[PDB]
Each structure stands twice: as structure tokens, then as C-alpha cells.
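Presented as C-alpha cells, the chain that follows is alone, the form deposited in one PDB entry.
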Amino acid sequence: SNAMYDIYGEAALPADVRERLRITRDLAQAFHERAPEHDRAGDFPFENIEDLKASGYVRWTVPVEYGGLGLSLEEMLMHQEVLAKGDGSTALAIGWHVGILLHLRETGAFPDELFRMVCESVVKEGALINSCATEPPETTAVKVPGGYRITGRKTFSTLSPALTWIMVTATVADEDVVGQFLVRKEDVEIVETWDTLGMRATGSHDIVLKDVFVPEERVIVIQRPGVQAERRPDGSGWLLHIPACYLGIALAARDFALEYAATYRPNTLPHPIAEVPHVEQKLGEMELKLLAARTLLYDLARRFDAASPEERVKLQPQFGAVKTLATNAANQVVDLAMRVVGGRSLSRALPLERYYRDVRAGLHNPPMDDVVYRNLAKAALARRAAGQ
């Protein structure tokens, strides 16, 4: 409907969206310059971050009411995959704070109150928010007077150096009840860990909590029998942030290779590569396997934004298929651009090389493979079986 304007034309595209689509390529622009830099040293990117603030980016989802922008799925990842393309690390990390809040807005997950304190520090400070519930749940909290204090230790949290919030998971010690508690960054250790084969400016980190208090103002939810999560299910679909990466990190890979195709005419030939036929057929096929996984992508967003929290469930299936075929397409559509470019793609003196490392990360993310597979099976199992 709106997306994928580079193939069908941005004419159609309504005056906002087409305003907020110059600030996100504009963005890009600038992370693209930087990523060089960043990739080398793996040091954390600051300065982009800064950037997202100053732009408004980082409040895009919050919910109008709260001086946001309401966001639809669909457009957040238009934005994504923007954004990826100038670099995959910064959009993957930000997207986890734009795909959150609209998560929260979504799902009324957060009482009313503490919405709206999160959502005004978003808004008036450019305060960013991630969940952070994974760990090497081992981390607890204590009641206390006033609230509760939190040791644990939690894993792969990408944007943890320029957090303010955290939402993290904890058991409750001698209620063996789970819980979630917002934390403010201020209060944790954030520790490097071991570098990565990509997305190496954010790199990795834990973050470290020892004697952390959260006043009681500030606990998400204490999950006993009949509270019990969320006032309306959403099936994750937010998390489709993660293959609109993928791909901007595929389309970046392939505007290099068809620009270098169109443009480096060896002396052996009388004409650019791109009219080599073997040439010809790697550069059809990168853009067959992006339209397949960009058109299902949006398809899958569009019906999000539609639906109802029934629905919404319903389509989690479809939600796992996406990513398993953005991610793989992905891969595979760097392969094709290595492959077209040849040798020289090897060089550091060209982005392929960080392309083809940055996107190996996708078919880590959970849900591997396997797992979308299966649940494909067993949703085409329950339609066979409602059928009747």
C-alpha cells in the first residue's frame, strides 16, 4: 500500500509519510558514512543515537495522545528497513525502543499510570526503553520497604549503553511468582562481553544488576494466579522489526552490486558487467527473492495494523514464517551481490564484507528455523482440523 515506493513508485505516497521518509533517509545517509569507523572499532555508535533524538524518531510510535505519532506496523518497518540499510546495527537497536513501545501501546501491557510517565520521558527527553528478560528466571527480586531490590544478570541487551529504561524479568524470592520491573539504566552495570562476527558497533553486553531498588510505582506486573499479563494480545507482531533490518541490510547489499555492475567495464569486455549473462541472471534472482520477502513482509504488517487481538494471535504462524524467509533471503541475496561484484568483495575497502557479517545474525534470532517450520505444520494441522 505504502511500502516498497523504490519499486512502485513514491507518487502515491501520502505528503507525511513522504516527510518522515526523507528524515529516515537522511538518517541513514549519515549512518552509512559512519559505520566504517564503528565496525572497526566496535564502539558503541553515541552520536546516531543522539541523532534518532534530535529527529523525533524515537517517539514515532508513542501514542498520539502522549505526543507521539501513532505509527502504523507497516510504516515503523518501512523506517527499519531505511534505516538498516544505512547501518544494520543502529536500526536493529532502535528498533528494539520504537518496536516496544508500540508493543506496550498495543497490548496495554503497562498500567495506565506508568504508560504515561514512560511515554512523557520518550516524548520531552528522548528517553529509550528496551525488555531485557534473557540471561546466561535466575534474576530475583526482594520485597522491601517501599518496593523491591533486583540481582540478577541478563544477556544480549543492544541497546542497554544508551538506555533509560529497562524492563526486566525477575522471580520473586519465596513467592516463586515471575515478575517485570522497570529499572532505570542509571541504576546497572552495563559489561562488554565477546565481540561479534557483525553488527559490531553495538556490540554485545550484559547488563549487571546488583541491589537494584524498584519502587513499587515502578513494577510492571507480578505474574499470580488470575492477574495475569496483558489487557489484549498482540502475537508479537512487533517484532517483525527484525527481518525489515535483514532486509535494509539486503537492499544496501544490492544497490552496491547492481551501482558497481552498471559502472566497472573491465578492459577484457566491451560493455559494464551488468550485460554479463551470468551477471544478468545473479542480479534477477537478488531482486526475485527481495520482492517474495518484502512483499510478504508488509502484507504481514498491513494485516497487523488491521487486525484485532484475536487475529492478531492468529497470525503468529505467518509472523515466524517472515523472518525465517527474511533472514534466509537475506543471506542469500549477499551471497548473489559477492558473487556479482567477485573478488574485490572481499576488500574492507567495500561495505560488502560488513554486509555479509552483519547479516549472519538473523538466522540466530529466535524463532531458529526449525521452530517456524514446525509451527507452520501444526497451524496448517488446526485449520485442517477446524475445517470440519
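Residue numbers count along the first chain shown, from 1. For clarity, a rigid core is taken as the largest C-alpha set superposing within 1.5 Å between two forms. First, how it differs from the form deposited in another entry.
- Here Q228 counts as shifted, since its C-alpha moves by at least 2 Å between these two forms after the core is aligned.
- After superposing the rigid core, the Cα of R303 is displaced by less than 2 Å between these two forms.
- For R265, the Cα coordinates differ by 2 angstroms or more between these two forms after the core has been superposed.
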Second form
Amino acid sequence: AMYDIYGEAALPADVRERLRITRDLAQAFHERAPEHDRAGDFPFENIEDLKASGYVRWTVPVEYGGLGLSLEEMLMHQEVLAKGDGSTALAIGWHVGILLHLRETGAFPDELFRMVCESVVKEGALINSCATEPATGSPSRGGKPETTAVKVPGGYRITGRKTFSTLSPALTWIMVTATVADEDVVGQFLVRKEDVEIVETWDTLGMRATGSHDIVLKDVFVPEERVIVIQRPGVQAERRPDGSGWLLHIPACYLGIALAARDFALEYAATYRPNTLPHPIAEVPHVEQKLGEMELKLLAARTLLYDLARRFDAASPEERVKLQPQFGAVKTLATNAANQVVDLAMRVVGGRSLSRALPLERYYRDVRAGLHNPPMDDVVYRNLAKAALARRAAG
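What does the same protein look like in the form deposited in another entry, given that the last one was the form deposited in one PDB entry?
All you get below is the one chain by itself.
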């Protein structure tokens, strides 16, 4: 799984072939990353490659023409992709991740799930969840959206606005959360991309190519068949809970960006020799220590990541609920650790690291984003604490 350290020999034939694919895609995305980050535009060509490679249906079940891939293997590819370009990796990770979430949970009604899965496999349709609003902050904090959903003859009229709508230029389907006006309950709703207005607001420090714009919905119709859930008193969304394990795509992406940073600084340190030294800066003690620290951080966070993915794939829905606090833990570890690794990479390279002609400054910008995908650090510590308190109590 951590093949770059432990060798590819372990892996089976078909995984090795899949890995050649993602490594090629990553290398292409890398060549194209500078210009897209400079323009802050959306990389339609990267999405076309993902679609033609088949990647976009890798997590769709085998019963609908997908590959049914494990979470562990999906993370591996996401990490490879992010090492090429983080914006693209993170955008597509929402898609493949969400399909795995739906696959493992039965959160979608069977008819709706089958319909969505078809469009992915036969048309390359892409999906994402667009729930963030200014008024609520992170949906993970539990705020009722001001996006309102009003009951009409065929289904619901949705009116509102969502921010950070990743992948939106290339989306077919959008899951949108909204409060049902008259009843005071939250619902989730599957909207077609064609019925919303993208307002091109995304202009950011990093992850500039995710296309995470605003979407505006003005009286948008959702037919009853496309209503995902309405969370009334006494209802489960997920028929088989997954403990949000799919959200592990987040740490995998930000570690991938960190490995790119580490690789650049290692290459740079190995070859840069000022006229003050008889050897390259890789042999200077303080540089060596920073190099070694990067290594430790990556080792720890990645080992934890893949260990937890591997447990997720073997676990029952009850065991997956119990692992949720650890899934948060690895997110907080890996994203903070990713920031620190790029920081150190930059210190190794020095003043030259500020140069836009090298990719290292883009890594520093891109990696920042992981701090603000869910779950949040304070929530992660809290839930870790509460789970520890419950284990004591169970004794």
C-alpha cells in the first residue's frame, strides 16, 4: 500500500495495472498544474483523462459495471493523484468517495442509487455534495441550512445558495441539503447541474483548480424520486452505517501533496552545493535533521491512514461506527502533518522556495486547505476524548 517505501512486489497484477494508470494520470496532471494554478481555471482535460481511464467508475459496485474498489486501494490512487496535482485529486476524490459512501451505506434509495450508478458507468457522470453556506459554516457543525425546500405537486422547489461547490463545472449530479420550509426539518436532494447557476467566485490561495464556486438555486424542481432523505423524528439515513470512513480521501490527498514537497526538497538538497561547502546541503546537519523529520511525519501519518482504511474494508457496519473517532484522528494528524512537512521542505530549500518557477510554493498553498475540510480538529479531539471515556465506562 505504501509501495514507494515497501516495494510494489506485494501487490497483485490487476492492482499494479491500475497503479500504472493512476501514475500516468498523476504525471500528466503535474505537467499541467503550473498553468492551471496561474490561471486559476478548471482543468477539463484532467477530468476527460479520468473519464477515459475509467477511474470515475472504480468505486461503483461490480453489479453496475464498476470495479467495486476497496477504500484502501482508492486511498492509494488518490495519494498518487494528489502528488501530481492536489486540486484535481481532491475534486475527483469527492466523487469516487461519495460513491463508496453510498455503496457501503445504502443511503440512497435503491432505485436512485442504481440510476446514479448507471450514469457514471455509461456516461461518465460526476457527483458531489454541496451543503456549505455562509450562514451555517461547516455542515459538520449541524446548522440548519437557509436553503429552503418547499413541497409542490411533483416534489420540491429548492431555493438558496451554496459555497465551496467543488467539481461544479464538470458535475452532472449535485446533492444539496435544504431545510423544508413549513415543517422545520433538513432534507438532502439530488439536483441536476443543468438546473443551477454557477457564479464563478472561487479565487483562492491554493487548490485553485478545484472549481469550488457558488451555486445558486432559484425555484429548482426536484422530483420525488430524486429526494434522498428527509430527516424527520425517528429515521436513519444510512441503512448500514459506515462511520464516515470514506472521508479518509481527505487525508490521502493532503499527504500526497506532502510527498511531492518532500520529493522536491530531497532532490534539491541532494544536488544543491554552494561555494561554502565541500558537499551538497543534504549532508549539512540541520538540513539532514529536517529531511529526517519529514520522513518521520509521513511514516507515521501514512501508516495510520492505510491501517485504518484496511480495517474499514474488513469491518462490519457496527465496527465502522466505532472506528469513526480514529478516522478523524488520522485526518487531524495527516493534514497538520502535511502542513509541517511542506514547511520543512521550504526551509530546506530556502529563499529559492518562494519562487513561482518551482512547484514547492504551490504545495504550501494547496496543503493549507486540508485544515478546513471535515472533520474539524476540535471535534476530532473531543470525540477521541469521549470515546476514551466510554471505553473506561464499559470496563
